[PDB]
Each structure stands twice: as structure tokens, then as C-alpha cells.
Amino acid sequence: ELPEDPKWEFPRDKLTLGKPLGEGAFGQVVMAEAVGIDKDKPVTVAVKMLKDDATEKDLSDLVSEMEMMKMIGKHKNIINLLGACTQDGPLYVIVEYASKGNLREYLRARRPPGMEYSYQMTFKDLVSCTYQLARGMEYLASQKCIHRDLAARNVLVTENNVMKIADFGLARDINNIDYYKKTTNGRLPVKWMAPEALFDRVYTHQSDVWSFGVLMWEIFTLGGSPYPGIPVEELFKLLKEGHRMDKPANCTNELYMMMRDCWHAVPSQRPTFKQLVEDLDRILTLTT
């Protein structure tokens, strides 16, 4: 069924699945040991796969997700695709393992005493985190690809605290159109979506910048949930009216203005990822 890809294929006999790292309504990620996955050392990794009762579309979706990763290329701030098992057996997408989990949980677990999300990140750490992710997106955008699902839950943290952009499930190649237009309705990450994406079904690098602004908000609120007490239909209304989230507590006006710039009503007026990287670099340098 699935067209083999020798250069990326990896022997199942050299892979030992382990404990689950994350589960979803359309997937499953587990830890594993890959023998010789390193071309220079014939290795703890993560393996993404389908649920036991997945459909044809769930398969096509994961395959498309893998393909996007193959095309994007390597970058320090993008989770590394190591290989895949696509022949005679379930589809396994092997990716670099991030020992500190996703950004959301990473931050929430590192909030100050008494600020627990339920029953420590310095200011500079927050800027650095943001800067690393901006670099990752600048790279992705330069490949003329859009992520479409930027959010703290989709950022992984390695043992060395390196930020890695992940989950390319909604990622699209816009090299030929410079803008992806979703022709139909579907379940999308609405609270991280730009107005033109939500209402016009138009996605661009600038709609990714809007999402980056929301991600920035999540970072500075240490894992806060976008639009506090605002339900589904309630959010759609507010955005139409011009609503924008308030400034996080531990945030300078400069960084908040950067967030607000990412949420400019006019897509072309939002900063480019290159501009964000330059400005963030400047802020870090002065903070250092």
C-alpha cells in the first residue's frame, strides 16, 4: 500500500517500543529504543503511530504529516525526524525524543509557589524560549511552508531545554500559492487562529505569526489558557469586535507590544518571523 522510501525506512527488528508519551483522538506517541538509528553508530527515540482502530483518513493524515517533516529539513528548533517503518506492519514515524515533554506542561510545572495551575522560569528564560521558537518558524517560513498548529502543546523541550517545534499534522506546503485555502469546514485550533483563517479559511505565514503571538502569551503566562473564561461561540464574537488578550503579569510593554503586533487585524502589518527573530535577539542581548 504505502510507497516505500529506502532513504528513510528503518528496520522494525531494531526498534523496541516502550512507555507512552502522549495519546490523542487520532494518534499515539510512545518512547522506544532504536538500534543503529545513528548512521555513525550501528538510541532513545519517540514513535508516533495510529490508534488501534484508525480509519483510512487517519492513515493518510499521518502519512502527510511524515512527508511534511521529510521536506522541511533539519533545524535546531524543529523536532528531528529520524526514520520510519512503513512496510509490512503498522506505520511508525520515528522522531527525536524530548525528555522534558511539551511546553505547556513544562511551564505550568515551573510556576512560582501559589501560582499552581491546579491541585522556575526567569524572565530571560521566557525571552530565550520565544527567540528559539521564532528561529524555528523563520526557518519553516523560509521553506515556504506553514505550520497551522503553533501552540505550547505542540512545542517539545529537550533535556538541554532546547525548544523544538512539533506536530506537523496541519502543516502545509504553500510554495505554489503563497496561501492555503481550506475549502471545507472542520475541527481546528480556533483560539490560536487568526481572524482571516477562522472566517476566510485563508492561511499564510502571517496567520502563523498570529498563532506565534498566542504562543508567546502562553509562554509569558507560564502555560496559561488563551481567552480565560471565553467559550467557543463567545470567542468568535469577541474577535469580530476586535478583542485581544490582556498583557501577562511578568511582561514588559515591549514584549506585549510584540504580541499585539502579531495580532494586527491587517495580516500584512504583522511582523515577519525574520523581524521577530531580529527584535528578540536585540532584547536578549540587552537582557544579557
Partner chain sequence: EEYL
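Rigid core here is just the name for the largest C-alpha set that superposes within 1.5 Å across the two forms. Residues that one form lacks are left out of the comparison. Numbering follows the first chain given and starts at 1. First, how it differs from the form solved without its partner chain.
- Note: rigid core superposed between the two forms; among 180, 131, 106, 139, the CA shift is 2 Å or more only at 180.
- Core superposition between the two forms reveals a single run of 3 or more residues with every CA shifted by 2 angstroms or more: 175-188.
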Second form
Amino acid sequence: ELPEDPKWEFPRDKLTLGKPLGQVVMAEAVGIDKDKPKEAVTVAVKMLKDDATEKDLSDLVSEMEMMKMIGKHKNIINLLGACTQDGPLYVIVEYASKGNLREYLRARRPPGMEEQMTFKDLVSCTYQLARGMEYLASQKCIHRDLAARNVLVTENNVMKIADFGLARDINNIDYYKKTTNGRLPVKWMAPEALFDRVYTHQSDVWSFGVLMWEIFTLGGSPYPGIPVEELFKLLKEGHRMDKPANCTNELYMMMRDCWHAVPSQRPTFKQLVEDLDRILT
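Show the same protein again, this time as the form solved without its partner chain rather than the form solved in complex with its partner chain.
Nothing else is written out below except the one chain.
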């Protein structure tokens, strides 16, 4: 069924599938690193469950193809290889030993809210992620699922944009389907995505604002106490989240600018990068 692409193809005899982290498992990939071709490199492998749908398979194939076209960056989980032939589809990606940003932040919370993090650590985290999105945007990629749970942290605390399952080319949003943007978590979605069936880089900027609010609240849930059923109405009425606890007015203004009603009046990722560098220096 799946064509050949031997630049990306990786032998199935050299992949030992370990414990779970579709389903993702810890694996050892012997010779996946070009410069050390005998050593067992720890990677992440995404595959189908036994109860998978036709959509699950085209989603996974779509995700793989997306990660080949976007290329290489410090602040995105990078495609390492793929087993496409002669058995189950395996999509092989970088292992990030400290897991998702949400649990990473919640675990480092000071006591009494129910290694700790500095203001600068939270600004640095946001800045890493803005650089990741500046690259993705420049590669014509819209992510469509920016959230803390879809950021992974490496052993060295590097922030990696993950879960390209919903990612598209900019020119591959269907204005002429009702179902377009139907599988995006609504609490992270720009209103134009919710309503008008569009999605631009400026839709991702809105999401990145929500990610910022998650970062500065140390892994808090957006619109606390507000059901997704009521959020649609509160947004068109112009509701916006209030400032996180130890967060400066400045970074709150940044979140608020990401949540402008008009997509083209929101800042670009390039502008967020410039501004976050000045605050981090």
C-alpha cells in the first residue's frame, strides 16, 4: 500500500519496542545515529492500536509526511526514521526524557497552590517555543494543536513542539467543508478557526497565547470553571483570561495581543521572538 522512501526507511530487525509513553512506545534504534552506527539510541515510536480506524492510519501517514517536509529544528521533535514496508507502520521520533510541558510545570510548582522555576525560566520556555513556531510558519506549516500537553522537554530542558497529527500545509485548509477545524481542542482555537473555517499562522499565534497562559500559571487549565459548551459565546462577547499569578503586566499584554479579534492585528511569531529576546536579555 505505502510507497518506498529509503532516505527515511529504517530496518525493523534493529528496533526493540519497550514500554508505552495511537500508542507511543520507548524503543532502542541501533545505528539510527549516522555518526555512531553500533550504539542503541533511545527513540519514541508511534504506531496504531488494535482498535484503529481507517482515519487513524491516514492521520499517522499524514503526520509522518508532515515531519519529512518541515525539516530539522532544535525546538521541534524531529522525524528520525520510519518502518513503512512488510508490517505495521512505525513512526520513529526523538525521545524527550522529561515528557510533556504541562506535567513538567505542574511538578515544579511551589507548595500551597492547591526544582522550582524562575520568571526567566518561564520566559525562556516561551521564547524556545516562539522560535519553534517561527521556523514552522517559515516552512509553510500550521500546527493547529499548540498546547502545553503537545510540548515535550528533553533531558537538557529543551522545549520541543510535538504531535504533528493535525498539522497541515498553509494552503491545505478546506474552507468548503463544515468539518474543517472540527478536531481542534476548542479552548486553544482562534475564533476564526471555530467559526469561518479558516486557519493561518495568525490562528497558531492565538493558540500560542493560550500556551503562554498555561506556561505562566505553571500548567493551569485554560478558562477555569468555563465549559467548552459556553466558551464560543463568551469569546464573541470578548471574554479573555485574566493575568497569571507572578506574571508581569508585559507578558500578559503579549498574551492579550495574541488574542486580538482580527488575525492580521495579532503579532507574527517573528515579532514574538524579537520581543521575548529583549525581555530574556
